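Presented below, as structure tokens, is a lone chain in the form solved without adenosine-5'-diphosphate.
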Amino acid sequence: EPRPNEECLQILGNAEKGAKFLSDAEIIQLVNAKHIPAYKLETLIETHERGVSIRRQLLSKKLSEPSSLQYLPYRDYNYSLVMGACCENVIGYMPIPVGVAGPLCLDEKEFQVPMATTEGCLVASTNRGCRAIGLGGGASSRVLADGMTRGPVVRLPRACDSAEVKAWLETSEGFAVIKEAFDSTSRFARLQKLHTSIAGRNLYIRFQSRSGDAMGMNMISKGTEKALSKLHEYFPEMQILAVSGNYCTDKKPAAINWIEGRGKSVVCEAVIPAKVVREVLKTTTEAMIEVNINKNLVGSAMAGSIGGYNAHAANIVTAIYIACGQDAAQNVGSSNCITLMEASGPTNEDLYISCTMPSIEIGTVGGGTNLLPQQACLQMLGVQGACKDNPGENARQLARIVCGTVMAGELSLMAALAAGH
């Protein structure tokens, strides 16, 4: 029943037959005889799941243990939203357990916050943090700035010519020409003041702009390319070396994100009465302030940290990001946080706590937020997709929730560290 290569190939090349009329073993036989390249499987095979099934079968013969994929699931998942948009060479999916911490009492609302993690006690501990906030009267937050960035590097023939371009970009008329080119690429593109920096004949230019409820990499990058195209008409000796010169800065540690901000800059706060610190967090305000000063400020300082003046902000950021279809690699910068703890009240027994996070890189449209399970976690918070009547509000709201959940996480871990055990 398994036919020779030549007969299998004419069926493959027959337009009203194709791969649907071949068996798995026949397509695999063609791949092993070098008649079909492995990468062509995607467009040849009719069903997305069958493409995955055959890729898995081919992969399995190459492994030192043939059954290693047995427990990697792949069936009955919606590959229609993933192929050609979210992932390639797909062999299945990786399930991450999702837990819920809440209610998180933030800006007079209540949020049930999804958290995808495999770290024991993180969800329960964050949920204790939420309790302390809820019985403490709730938290308030503000978005202080908003704008994704891209920081390309361009080269001029001399440092004198890069100084020329820099000064041209700071004149109102030169900026306006660049701004019109940038803003024409999308309805959300609103270029803010340009920040630039010279290193000899290099010039690093930092384009910042809102992006609606999208995280905005693709949008800002498309606007950046058009903006540099206009700049090249005025300076034709300029060389566009890279559309990212690491001055954005994206997915690496950098002081510029900390100081200037990137994406949403957020601040969150709360006052925890002495009673609640006692009953929920099992400690005193005094013990918490001592740990916070000497761990999160002084410890982080001795360690030579830029932007890591916090206990485990990245835990909460990472968990929410995975659950809500964010780019989890952007937790590098998005976890930037400084946690402050102060005595409040007449006897200094209440705890003022705040978290400031200047660089939360987040969105509710595009990327992994296109997928339906990820959309379910976004719907939990009432932030899924674009907001028609107030663009950016959904991404802004999700960013506030991230900072407030980070604060809940900070409360709980700092109490456990102050306690002992």
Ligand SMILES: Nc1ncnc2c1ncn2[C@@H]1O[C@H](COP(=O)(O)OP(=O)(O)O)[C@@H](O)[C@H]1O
Second form
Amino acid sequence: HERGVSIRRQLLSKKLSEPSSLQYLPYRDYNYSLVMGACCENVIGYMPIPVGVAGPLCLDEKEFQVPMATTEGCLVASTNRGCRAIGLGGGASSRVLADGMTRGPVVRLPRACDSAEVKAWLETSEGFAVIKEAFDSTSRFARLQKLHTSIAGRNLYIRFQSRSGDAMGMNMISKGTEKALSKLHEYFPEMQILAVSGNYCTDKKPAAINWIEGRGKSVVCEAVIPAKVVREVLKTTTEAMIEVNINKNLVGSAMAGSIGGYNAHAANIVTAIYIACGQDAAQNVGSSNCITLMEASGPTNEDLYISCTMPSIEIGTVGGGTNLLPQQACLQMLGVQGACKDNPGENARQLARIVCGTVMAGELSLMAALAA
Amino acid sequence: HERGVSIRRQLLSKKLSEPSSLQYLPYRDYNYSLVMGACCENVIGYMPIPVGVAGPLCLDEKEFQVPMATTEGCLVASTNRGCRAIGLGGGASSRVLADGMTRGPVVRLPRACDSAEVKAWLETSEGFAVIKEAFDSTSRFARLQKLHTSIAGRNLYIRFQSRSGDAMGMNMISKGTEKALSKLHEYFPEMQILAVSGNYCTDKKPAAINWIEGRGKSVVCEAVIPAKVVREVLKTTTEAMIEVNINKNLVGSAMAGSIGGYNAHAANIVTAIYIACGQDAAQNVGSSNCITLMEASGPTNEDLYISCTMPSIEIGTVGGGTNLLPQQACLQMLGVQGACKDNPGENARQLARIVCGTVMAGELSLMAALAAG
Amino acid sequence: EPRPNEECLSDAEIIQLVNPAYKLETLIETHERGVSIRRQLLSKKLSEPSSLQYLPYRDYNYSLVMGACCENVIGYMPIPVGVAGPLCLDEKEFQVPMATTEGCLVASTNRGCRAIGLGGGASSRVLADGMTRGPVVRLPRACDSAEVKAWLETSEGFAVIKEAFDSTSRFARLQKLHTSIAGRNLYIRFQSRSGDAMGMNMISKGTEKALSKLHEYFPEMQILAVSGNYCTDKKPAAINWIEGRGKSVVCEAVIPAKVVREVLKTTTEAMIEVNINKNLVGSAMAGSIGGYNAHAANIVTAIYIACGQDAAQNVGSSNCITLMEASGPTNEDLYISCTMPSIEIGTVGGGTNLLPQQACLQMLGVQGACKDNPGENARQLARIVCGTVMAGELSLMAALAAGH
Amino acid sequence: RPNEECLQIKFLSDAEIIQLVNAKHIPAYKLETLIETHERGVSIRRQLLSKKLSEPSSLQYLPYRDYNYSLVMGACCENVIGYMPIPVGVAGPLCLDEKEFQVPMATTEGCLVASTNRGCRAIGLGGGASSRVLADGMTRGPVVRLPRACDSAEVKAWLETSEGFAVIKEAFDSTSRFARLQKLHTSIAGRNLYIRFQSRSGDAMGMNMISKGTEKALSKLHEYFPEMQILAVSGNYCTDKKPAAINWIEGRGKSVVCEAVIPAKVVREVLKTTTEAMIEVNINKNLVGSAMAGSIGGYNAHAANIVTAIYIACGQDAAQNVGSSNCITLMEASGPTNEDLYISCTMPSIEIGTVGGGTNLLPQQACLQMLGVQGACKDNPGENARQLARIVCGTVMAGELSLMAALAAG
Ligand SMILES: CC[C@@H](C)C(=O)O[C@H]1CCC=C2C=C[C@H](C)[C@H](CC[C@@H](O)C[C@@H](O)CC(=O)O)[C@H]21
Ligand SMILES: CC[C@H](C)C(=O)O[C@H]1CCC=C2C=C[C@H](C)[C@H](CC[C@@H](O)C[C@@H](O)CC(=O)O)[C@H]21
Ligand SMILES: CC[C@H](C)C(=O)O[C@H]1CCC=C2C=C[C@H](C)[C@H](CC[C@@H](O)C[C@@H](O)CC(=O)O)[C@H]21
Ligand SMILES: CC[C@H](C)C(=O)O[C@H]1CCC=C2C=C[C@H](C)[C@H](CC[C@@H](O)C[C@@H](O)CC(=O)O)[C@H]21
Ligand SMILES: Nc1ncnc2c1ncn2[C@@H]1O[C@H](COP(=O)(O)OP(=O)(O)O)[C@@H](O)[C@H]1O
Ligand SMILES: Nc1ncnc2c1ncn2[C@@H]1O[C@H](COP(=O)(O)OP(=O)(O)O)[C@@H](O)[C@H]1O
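Starting from the form solved without adenosine-5'-diphosphate above, please write out the structure of the form solved in complex with adenosine-5'-diphosphate.
Time for the whole complex; same chain goes first.
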């Protein structure tokens, strides 16, 4: 494998204006067996991304050391300060509210009257039952939970929402969708399948549907930071924090015309954790959706109550980049690497809770720096 | 020193539920001098991301070999197929339509009548001059182009837009914003500066303002793919490609309630190039905004015309992750590493054009795969 | 002539005596007199005392208005009503009343109807039906609101809620619950049928009973507002576009090439190019959610005002995506469809209780309740609205394409 | 008389004219051109329509007599069969910018006027409200296409040069003494170019004037770029009568802000609640709730109710309530003990006018006169329309206050 990468590098070198540029791009002593035929093509090396650690993050009575891969200065230090504030506040609590990856194909019928007939059929328990039967027959973990349909004339967009064990689930859900569509075509032979993804999923593009209905894991996290911790650790006050949160995260985002971006920098934390843990970094587009809320709490309204709600965290602990060793090391640091053998899907849910809690730590710290 | 990283890892390991977790996380023989105190803190190692190459991408009469860092199978191969189709079609053309990073702080006055007065003041050629003077004094490259202000009662949101040479510009623009706001405060002492970023920028969150007014570089790219190339390379037809594009990228995205997501997978290409080239990957949120259009072209309407328009590519070739050697290697592969001394900003603009062109190659290929069945 | 107050009648005497204004009917002889007295009192307060000379008020039936549709009444505003049709829809022919002050709107809609008629008519289908109300409640902690969401998601939890909700009316039938969390806040979207009524009052009453029941199981729950903007009523919202509100309807027709050329004065190809670049691409560039159409709001508003609907509901009722494509053997005929997911409409209650508005509803054959099939009149009216919108879209798009 | 002898085409009976129409000799819509009296044409159309209805007497209660159709015909409506009376109520006085207004509201929604009236009372007892017009400019957003994206990029660069803009501005402004092309916002989508023209329009809402200026400006632009194709005078980039982020962010028509402080005592006595309760409802409903619903511009309780009622009463285009209703309502604890209520309403896109369209009808002018803004402001062109926009924003704030208080009360 290594020799093949060396040769490809040599061939590529002939096509560059600055062939000496490759000298600083590492490639030696790396496990390419796990990469080939699976994670990347035309490999010429690897890009090292610095990994820092923030923690301990006291979440649901457990302590986590969160790995973060980034090239942005202050991010890890800031997130670490947020964790500290949460720890001194007795820790954070989280809950997974929903779980289901989606795929939203588009099909078309000769007339809108026909597509309406198909939608009505898909809404009967009998129609759902046969579609679920076809969808689920593709893999052990593919378990269809619900369907959401929407028509545009003779076009019909069908959003399939399904469980997928500990996997992020796109390949699995796509395979299930394809067989369900084949089955639907048997019931409606005049139906033309236009695209397995008609952007109704919605995958890797901002979309109100993900914000409102959720995609992947929907999670909520919360904590109460004592007034003394707000002053001594965050170097500010509860009142200033609340004023910034409302006018930045709520009013500011509204003025900017944001759908799902009611937070300070959830995307920084999501991206850093995703890269470190072998997730699909491009999914930061929808996985970053977040609304951050803050209120005065306690005896004299001097304590800070904070919560972060993320309805569409697209994540997994098996498959894709999580198959690589360095990435598995970071997943193991968190205790969620691979399949949860006793209860499939539990490692992915735990990782989603960790992401939401670290986002909250990051929000706390940046808002405090903005307020101060 | 590297021994610092080794000790941190050792201390860290005793706190883990599986103390051998760190075994496969590499850390040795990496230049931490450029990382320490600049790109990351509490360093325990590095995460290798596979880098593949797609090309040549025939763009504006030049040929590029595009590095892509990803763990997603088929992405590089697919993008490479798109490049091939474009090359056989005579190449692609691109134009940078606008350039300016932004920062949108929020300030507040005692009353809305007062904030309305500040808005009117900032809209006069005189008021703007004073602000522009304070802003531009922070840097040679920081040149304020304009202001867009919005009121929500007594709150005033002010969007500062400025060029920044070849740097992405966040730090530069933020520093200029702070000096400009301090000057503004001299004229309106009752003004309270609530936050240097009031989410009106908008940075790293989806926002209609970035889609409509742009942020960073706004770029358009286009190409015509011959009917023979569509059939032989993309394995489909122009008519099928157009039908999928309209019903997926336009109608589908509209049904999903998308603002800026009128494309197939621009985010895949943007993220892969960003990680390879030392950009801020979290900026994929807004940098991925894209509308992909396709239509029939030629004598018999059998050729495929395609265009991708990206109004908010946040990118740079100097500063941040671009200071690291491996990342500079990828920037050098493209011929855009560092500052362009004779024409400040030209390297960053060229990188933005390359990103838009590679996104178009990726769109072509995925749409063909969707259409082909 | 006005004699002392203790002795007090004439207009001057009542006015002299007054100096509530809004309580004039509960004091004066008839309805028209209370209004007349209200106008005289008001005139004194105007920089221009004779402002009201041309605001009509006489010979109007205020009995149905007082304490039901409007307060502090000083008269009525006449809105011209025109008719467009026949609209050939689902093998029936409709004469559609349109109340507007916008020139060319009725004439243009009438031309669209003509093109549809010559094309063999239009077909429509009601895809969903259910008015909503989205209150916001709060628990002490997010962990508690998460528990409430889960309980509401159980078949037994939803059962008790539905029973309480359904107990408020015979027409009130809870179809589903969409719950959304924001920290310790819980937004609950109740969706239910409501016979032929638009349903706002009915659904609000049912929501109040349902929340009271929910409070029995979760005493720490604080009901913040019966409407937490999650409905969403009278504000643009992605939730209405994606999940629907009121009636979701689709309509379609095929216009022959000859009709496109001779009636619409354009070509199928030009019509399609304008539709894609205006209604799809243009709306996307403007950052629209639900506004993928040319002027659905013009038609919706005109029909609403004529038929006694809540005109303010045009905000969400106007959501529409208009699609056009080539059809037929030669591929030169024009296929058009309009999809409107959130038409908020009714044929009983509110403004539909007034006689002039009932006249327009009767013109369409949908006035009042449908005793044999509850909800059928409201569904028919929704189909008529969608079909008239399509007629209007056809005509405006043709004008834009041909430069008229 | 037979159809033939009826070749006298006020000398024919309604029955004879109806016979001609049924025999296909006359199109029903052209009735006004043949009949020498507007109300008679309305009368005949009603009779023709009756015979087409499943219920022939359904028009009995639709009024049509004694209405001035001369101002309507060939201007405001076609195929007229009568008029629809909408009840008009009054809310006030609205104490705004040291003036007192009696606001007419046309509606069929119970409690609306009473509620708005209560909000006005709270504002009055609080010392009144203040407002400011932040921007003014109607828009039109056509879409044109060039052969290639490289060409559309060139046209965009050209329009951005001071000299390229001057030429376009000259052509645009030549259509009216009230037209003043303030700015151009251009957006590219491949080879398509969307150009948003923005200009003042005196006291008119301005759609007609701005569309005429745009048509002239594009013709001029075509002289410089003959390869350019004008696809549609409106490419939905305006944006007119459809929800759109562009109107929310850049404004359309008049952008206005209004504010007031309601004393704790007034919140209790008039609104029957507390400042704390009202703030909790406002944040969780108008900000958080609207965010959860995926709203762009709908950060308010019921601005659309007030906008629609005033629009119908004053002869505005009611269909424009779609974008004119955009509003963000903010409430904040004010005062020595955080018990007084600060409130503000910001509406960036109020599309309104006091001349032209429905404002040409007499009953509508009566309502505009009640407010003191009817017609053109001779002394300061545009001032009447700006004053009406301020009144709308202030009445919306009164309505928001009252509904939020009712929601907070239970
Ligand atoms: C308890 C309030 C709700 C449920 C309601 O029925 O109050 C009605 C009846 C009693 C008092 C009222 C006062 C002011 C308003 C005109 C209001 C109806 C407003 C309605 O037309 C729009 C809302 O639905 C928008 C929202 O808040 O989502 C009206
Ligand atoms: C607006 C943030 C200010 C001006 C800034 O430069 O702070 C930097 C330098 C000093 C301290 C910091 C602490 C925490 C963060 C990692 C922060 C950078 C955050 C940035 O990556 C995203 C924001 O721009 C989003 C926003 O608030 O709009 C970072
Ligand atoms: C979505 C298409 C199908 C189902 C799929 O899995 O094809 C995979 C495997 C085979 C070939 C491929 C070629 C090009 C792409 C990199 C593609 C995966 C793209 C994915 O990362 C984002 C899409 O889901 C976006 C969308 O279309 O909504 C990839
Ligand atoms: C938009 C076309 C131009 C500028 C215009 O004035 O045509 C007028 C006059 C001549 C013919 C017409 C035919 C049909 C319509 C009722 C139209 C006015 C439509 C207007 O009320 C909303 C549009 O502006 C929405 C849009 O297309 O963006 C009307
Ligand atoms: N706990 C688990 N959850 C999900 N998939 C699992 C698990 N354990 C093993 N697998 C397997 O791994 C695969 C899922 O990964 P992958 O093929 O990359 O698809 P996806 O894109 O859905 O993650 C399936 O073949 C499945 O059988
Ligand atoms: N029917 C109505 N018409 C107009 N305004 C009303 C009406 N009812 C109430 N209001 C408004 O509400 C305010 C007080 O209402 P409320 O507290 O219910 O007492 P009351 O019974 O005296 O109206 C009044 O000052 C008025 O502005």
